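Next comes just one chain, in structure tokens: the form deposited in one PDB entry.
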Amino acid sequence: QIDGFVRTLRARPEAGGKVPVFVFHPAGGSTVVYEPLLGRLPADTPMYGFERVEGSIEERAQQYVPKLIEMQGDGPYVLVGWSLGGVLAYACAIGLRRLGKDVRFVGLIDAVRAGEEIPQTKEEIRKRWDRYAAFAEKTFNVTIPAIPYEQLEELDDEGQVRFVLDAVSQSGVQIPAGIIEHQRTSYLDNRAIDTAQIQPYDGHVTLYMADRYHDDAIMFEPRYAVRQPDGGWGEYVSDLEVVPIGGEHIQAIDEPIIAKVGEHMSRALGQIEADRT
């Protein structure tokens, strides 16, 4: 199944064959979310999923890019991601080009920025933190946590999610170990988007643009209620292609919407497979 952090969805032929598609995992999820997408793609299309690793967005691309080079050498590279997955796809695209590699397609599946830019002041930190606590107060019962006022600052990424365990567990609630792990990696991963700096990219990038964020994203950060037509990428990508697919961010990876993604996407993998001559 899984070698290191690389999941095989469809192995590439012993010899020759088409170009593999590299997909990257979403926050709190594995790359089997790309199985519908793979269904809507040309037949013997290889597909390989990059699973979670630790670090900032830049730290994670430094582990992925060597593995990409081991698998695909100089190119051509097809890089596809949904949600956080597209941010990971973009970083790897940057990193591969900086080493002179041939990246010919970057597919962003509604990897869309909050319309207006998210402030990173004290007051907004406190604020988005309450809206995170709000989730834990409805989901795991426990309407009785507490808000810190300077504890938040001094703690790091891990200390912060560790701090919410100490709070919920002393209510008397036993969160199952598997649920704790999942919430923890969802936190670290969404936090790595928080701090990431986008770099400019002069290659082709396709944004598959749904039309709205689902409800619990707006609950955490209401700036996700509005979207720009470019998704926040227009400043950084000269050759940006926006493809409509409608629906909500959470639906974009699924049937039926994924069918519009993969129909277009097959209209590029055909172009690439051609331009291999």
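Numbering follows the first chain given and starts at 1. In this text, the rigid core denotes the largest set of C-alpha atoms whose superposition between the two forms falls within 1.5 Å. What changes on going to the form deposited in another entry:
- The only C-alpha among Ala133, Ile94, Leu84, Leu207 that moves by 2 Å or more between the two forms, given a superposition on the rigid core, is that of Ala133.
- Shown in the overlay between the two forms, fitted on the rigid core, is a CA shift at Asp156 of 2 Å or greater.
- For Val142, a C-alpha deviation of 2 angstroms or more is recorded between the two forms after rigid-core alignment.
Having looked at the form deposited in one PDB entry, could you now put up the form deposited in another entry?
Shown below: the chain alone.
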């Protein structure tokens, strides 16, 4: 069921059949999280999951788009994701369109921009790490000494989190490799969003919109405390539909909330299959 970065959640028939749904992984999870959604979609809808790759959002989409084409040719493309996965689906839709492929549905499952832009500055790096330090002092009941701001600010997001994790592991017990790896890659995958270069898109985007980010998101980046009516997509997408779903971001992928998403998506897929026949 895993072939490189492609997971088969439901294999398509050998010939013809329904348009597959391509889903994209969240930060810190795999595409197994789309199983509840799969169960709310029509029977026999194929679903393939794209798992983690390295690079900027644009570079990741450059790895995905050739594989999408190998599996599905000229289209129709249905592209869906929650959280980071929505940003990935969108970057793949832009990429496919540039190659003239037929993208008919882009489903963003609470892929909502921070309500203020995240500055890419030294001052923001300082502020971020001071925040994080303060959370570490309270949670672990320690004092953190002066932060080495020069060292952090010459690093990208991966380098900063690596340097901090490596400092922690110079002292005391050896932390299992799986735990360090998961923390490092979840952090950098979430930070890859901040510098996404969002390009306008000329087709229909559907944004399933929760009420708010959960608290851990807001601790990670306080600008997720506020959200705009268009989730930050309006200037880029003229043909934007918002489907309110309630709850918190973290709950959007799970039952019961995923049932509203699935009910809606099923109607959209129904329309797509009708337009083919």
